[PDB]
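Use the sequences and the hints to build the structure in full.
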Amino acid sequence: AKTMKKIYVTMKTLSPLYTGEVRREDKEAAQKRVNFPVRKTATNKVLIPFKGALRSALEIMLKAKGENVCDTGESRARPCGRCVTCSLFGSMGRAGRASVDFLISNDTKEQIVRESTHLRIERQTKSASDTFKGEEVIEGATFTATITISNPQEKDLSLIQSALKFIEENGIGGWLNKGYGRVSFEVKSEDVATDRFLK
Amino acid sequence: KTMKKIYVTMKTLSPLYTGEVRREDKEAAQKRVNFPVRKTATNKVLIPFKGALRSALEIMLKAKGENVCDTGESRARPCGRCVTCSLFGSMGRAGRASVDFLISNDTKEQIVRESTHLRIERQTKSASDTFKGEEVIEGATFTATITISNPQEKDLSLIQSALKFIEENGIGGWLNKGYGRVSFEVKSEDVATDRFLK
Amino acid sequence: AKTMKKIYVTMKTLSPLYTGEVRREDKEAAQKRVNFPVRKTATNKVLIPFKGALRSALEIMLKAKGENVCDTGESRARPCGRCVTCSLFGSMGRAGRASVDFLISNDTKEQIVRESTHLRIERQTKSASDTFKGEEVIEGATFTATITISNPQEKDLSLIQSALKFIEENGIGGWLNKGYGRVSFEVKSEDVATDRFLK
Amino acid sequence: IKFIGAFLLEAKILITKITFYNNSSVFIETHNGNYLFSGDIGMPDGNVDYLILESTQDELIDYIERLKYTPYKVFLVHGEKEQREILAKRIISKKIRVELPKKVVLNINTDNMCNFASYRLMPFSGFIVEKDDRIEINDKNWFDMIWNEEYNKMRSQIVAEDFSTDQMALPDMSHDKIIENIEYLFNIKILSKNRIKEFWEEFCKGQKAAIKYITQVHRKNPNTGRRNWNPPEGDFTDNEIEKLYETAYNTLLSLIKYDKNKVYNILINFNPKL
Amino acid sequence: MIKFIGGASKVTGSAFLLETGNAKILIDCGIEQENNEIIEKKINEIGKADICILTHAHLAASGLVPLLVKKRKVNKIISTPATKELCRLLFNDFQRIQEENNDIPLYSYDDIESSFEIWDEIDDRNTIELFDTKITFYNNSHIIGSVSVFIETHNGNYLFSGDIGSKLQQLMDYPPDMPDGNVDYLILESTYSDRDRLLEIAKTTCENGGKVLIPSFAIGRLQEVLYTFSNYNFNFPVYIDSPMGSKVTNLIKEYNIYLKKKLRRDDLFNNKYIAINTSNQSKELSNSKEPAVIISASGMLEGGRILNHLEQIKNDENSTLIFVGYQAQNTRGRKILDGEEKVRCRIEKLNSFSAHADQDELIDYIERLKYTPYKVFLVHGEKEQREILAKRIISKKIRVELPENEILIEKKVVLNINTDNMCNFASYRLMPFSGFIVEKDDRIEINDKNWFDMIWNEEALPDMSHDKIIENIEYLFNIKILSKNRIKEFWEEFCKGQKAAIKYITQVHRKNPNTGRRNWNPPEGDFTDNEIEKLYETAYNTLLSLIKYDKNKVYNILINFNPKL
Amino acid sequence: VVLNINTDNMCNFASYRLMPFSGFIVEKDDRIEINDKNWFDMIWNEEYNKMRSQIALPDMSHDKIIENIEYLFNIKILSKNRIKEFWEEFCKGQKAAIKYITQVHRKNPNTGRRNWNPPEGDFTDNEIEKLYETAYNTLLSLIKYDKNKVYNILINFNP
RNA sequence: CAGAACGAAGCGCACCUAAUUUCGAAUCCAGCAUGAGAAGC
Ligand SMILES: [Zn+2]
Ligand SMILES: [Zn+2]
Ligand SMILES: [Zn+2]
Ligand SMILES: [Zn+2]
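Chains as they are written, first to last, in the authors' numbering: chain C, 2 to 200; chain J, 3 to 200; chain D, 2 to 200; chain K, 2 to 6, 15 to 19, 23 to 27, 139 to 147, 154 to 171, 184 to 197, 376 to 420, 433 to 498, 503 to 609; chain H, 1 to 34, 41 to 198, 206 to 278, 283 to 422, 428 to 481, 504 to 609; chain I, 435 to 489, 504 to 607.
No wet-lab data here; the hints were simulated from the structure.
All residues carry an ideal CB built from backbone N, CA and C; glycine is no exception.
Straight-line distance between alpha carbons at most 25 Å, and here's what the computed DSS-like set of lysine-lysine pairs gives:
(1) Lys331/H with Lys366/H
(2) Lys33/D with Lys555/K
(3) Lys3/C with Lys64/J
(4) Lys528/K with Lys543/K
(5) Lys260/H with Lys273/H
(6) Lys413/H with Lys414/K
(7) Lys28/J with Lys540/I
(8) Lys7/J with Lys166/D
To give an idea of the interface, some chain K residues facing chain D are shown, with a C-beta separation under 10 Å as derived from the structure:
(9) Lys462
(10) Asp463
(11) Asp464
(12) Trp473
(13) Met476
(14) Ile477
(15) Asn483
(16) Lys484
(17) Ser487
(18) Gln488
(19) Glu536
(20) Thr559
(21) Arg561
Next comes the structure, spelled out in structure tokens:
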């Protein structure tokens, strides 16, 4: 429209964070150093997928509130188009008004990424039945993203900040049931014009 | 007469995806990947660039109140009396700016990586779908040239504003998910048209 | 004369190349599958019209240098006869000395011609509002031509090579504003004798 | 070299720093190798590359083993089927390659192999295409590809019930209503010269083909929601655009009922070429 | 066309660029130690090469690969698997040395990691078809994983030899494997048995009470001095004391199938080589008095873990310092070897261990080619040795282009079948034929069935059957021993070569002594320990028997289970 | 001369009856047999095995096929992309087309899912798998017919 | 003929999934201009 809503999100990990590497070339090269490599950019910065955690958080909570939201996590689902998670995060004919950017670390993989030993202990002989290594973003790193809503509606900062508390309680990334991914978002918002670059 | 020669250099600050348009290349790749990148036969990566600049200036100049038409709605005829129809084109009178395809400075095997993407169910937190797609790495350099034939004054300014718009929103596809965030650098010059004549 | 300049041009596409079909039977028997066919030979190669690109290049360049070149691009224009473009490419009375071939490809249309899918994307829905298909010639495809000046003057290679840089920076045929038709030319000139077949 | 008899070389010397030496032999040096047409014997103290040696025994091996820088290949000539073979076997034993004497042939097939009877070979049934400059050797999947091409072109050439007298229940509106509607839908850019021309083209191929054309331009796709009419030029609302498209459908369908002369005389006032 | 980028001294960089018209193929991207900016400008001159090939894992041939990855001039890095695993020690050690010597680092650790991201591995005798060429690797008897690259191009067949080993290598095969076809251009590298005497003098020193410090290179040399101290029935312990060399010793044992035929198919060093892991245990030996053998590795005594042992050996008279390899200039090893410094310990030298061959072995290498090569580009070595070997190769009637200074070989494809009766169907002049493609030297002939009627007229791994392999892969796929990740990885290693597949299944099936765990996937269902081991051995034998079968047959067997690999 | 081609699919152009053909004129002993693309594939396999040697579909009626295809195109199990890929694999051969439909219909033992597009509309799991099995049976029964009839069936659902 | 640095030990591996879907149209243009003679037989 004649405005856009910019939400500048700032994540500070409070527990170790893991999001797995998605690149076949980067997974297969780090198969003899770590068995669980983290997701990293080619500029050595850690890349977490944000759009998908916000959508799932809002879909879970809005289903539990009694609203008309659909589920896009069931296999090969068709976004209906008349949800508020179908206007924000997109349908199959209309794109998402909210452009959610990846959470990219302010530091590099040599200051936040550490390689760790995880174990599987036998419940009778109390001994290390399995040993494996993984990478994990430390407890205190800082990630930054930016959500650009293209047609600002009223319930868009109130709906993103409601999915953010759900991600602060549940977690972002992987291994979330064993304690990984506990984060704390800080949000600064602003309403910009669409013609701020035209001079 | 003169001509503007805006050389643009683009460094990807995010993973980038532009889908392959060629059907034979898409079919050959779609036995391995589910989402191939638009690749040249010289194994370089080709992003479309005219539509992004035109859409950027159309969305921007519609917000400044300036009389710009829409060439994005279905089978819309361009007007011919607008700045976007001057710099990018109309039905009669071509666009003064020849915008080149953003060709990478490096090859497919140095900047393009296969990636695994998921679809996680919202109540069992388990992967329902998996799809492999190719993406351009962070740091890849793409060079294009913009050749404005009859140069006016505001053409470089509006092209740079469109480049700042693409710097914010993105180039290519999957833009809602964080893909395509890129940085543009501009070096313009006013060359003579008769500069090849000795 | 007793000499004839033979310029053997070799062109390599650096971008996808589209020059559209002119033969109405072939266009109407290929717009059943592809909305934008490329112009092809009946020997399944690819033709590109070369003369008019050379005439347009030298006309735009030599009207900017300040020479007395006429415009043969405006509708039903009479070529004057007293410029260098009229000497090289032809007036109404005289014919042009440069006999420009087509740019016939070296390879056939299954190794060079691919069908692409172009779109038209709505600006407030960020989604396709139109889809069309097009035929195009791949990058690194090689086309060949031979300009043959019959009464060779001195500034007749340095004009045809100065046009061939203009058809490197602008484009040769088709959608040249989207980015198509960016090519590279390689010239191996030769001044044969006219009687070289008699001997 | 060309083994015509009498040999040939490329100048077309029919047998270039040439020098003769007693054969008790021509030494043709070229930039592409220094050939030595030994002739008949019954030697250059320099670089030999190719030794065209006439076989007609141990004396030939002696001749070969006195040339500095042993030759790359030794073309054997002027002998019978057994003589040039037995000399060849002896020269292969001395670690020297023998050779017993247009359009490029570009093989586009697989590389599986075998080691059959000291002749590395592979069974291939395929096709040989002859492009102007080359003769490609390609597999049967290429033939399946061109067969799918010819089938998916040949089935798009007779649409059936075409150019044929048969049959309808098409609507009705007067010649003055058809004229008025086609005028309005030509001013707003819905009915165009290309649309009217293609409607006439598919009308000449029967009424049924024109009905199929018009129901193909009026089909609102259930996914996208876009009829294949050209959109109107103006500031009409969505319901009005729907009504204009419906008027276009009804007008063209009603014009199908009228005879061909009337359809022509209505539709050359808006597009002169058919 | 071949370019010799720095092929005179190998310093300031080294490279062999074969420029086929479809491919710039690079071989031996290396640096010889003795500068950085000339190395950069040498890499800039190199241009975008589709592939860098590395014969061995010395920095002489593989020391400049991460710099080409930095400048993004290389797109594939093909080597042997042992070369990959050894270069993942050499590159990290080079960067460690570069930072610790405070010389601007030639590349970074990121560059090394990206180099292994674009690193494909192929073993010996496995032809890869890349870019209108055919590249086959062949063992050359140098350090482990070293090969002699055979690039077959339409302009000719080029055999780059690299460093050919000598007969005194006890862990590799002596006769260096060669192409069995026609080599047209041989890029040979010129050169630069008292082994048992080692035993004697070590038996001299231990019985005299002292220890013996044995300088050694970490790549190949320590692991052969250790084999010599293993087969000899000695009485005193031998102790390897080097983190990189103990890692390389483990890599030698891991890559056993890529070694000599006797050693492949029990510790290779027959244990008795008690390994010093922590540096505290190295200071313990430095202060110790038990007469023992120290096969450590600082190299040529310059920097490393010898440098602590060296002072204690230096002050002692009743010990010795057996130098083994070539001591170089501006290096400690020469100065203690030439007597610049006063040593109290004996300074012996055994010239027997030399991974580089001598003159005669290189002559035998040139002679055992099926066809005598048209040209032998001697490249590296001293100038004087190169003049001598060039004169002797000229004496054997072979052309020599020494690297201070042309027949157009063109493999043709003759058609040899009737082309009169052709037809046109889809605007193609086509003709169906049923014939035979024969691959001769300099000539690939397509030949009709009549040729085959005359040609015909004139004329370790266990062995299961197709049925048993199919049945056992099905059973071990339905109890979840053979998964789809396992079948895919087995297919990848089998594409990398049959010995790579043997190494993969041996690495999975190996029960670790301490834990008692094999890396197969445990069997789903009720089975006892003896039954589980009898299923794991079935997995071992069923997959080992598959390695004997041909590539397409393995693909057809392993596409009903993992339908993507 | 002998026609070994089914003379069906005969259209009506002008006052003539036509069928678009693409085939092989084999000649032997003046029989001059106008065969099809299916004889030649067999004859090609005969020569391929000769060189390389010396070194039950369910019958559903046409109306049932059309009805099931129309329902499964409206619940969005048979999509246009699915019909196009089935046409490609039918062009590659009957065995490849059975292999493709078996690949799509295969319930993976680990995930419990099949490569069909899910039915649009509210159903139960048993109804959904019944519709999947109907898709399997209808397309497998389509393999039984000839190329021209499969083309005429599928062109009214994906042009 | 090249890399080389207050204790122990073990271990650092598995598995699944890598599909599905929409659209592939629309519009403009189709002109002019010159020349119709000159010889021979
Ligand atoms: Zn929805
Ligand atoms: Zn406009
Ligand atoms: Zn003029
Ligand atoms: Zn070496």
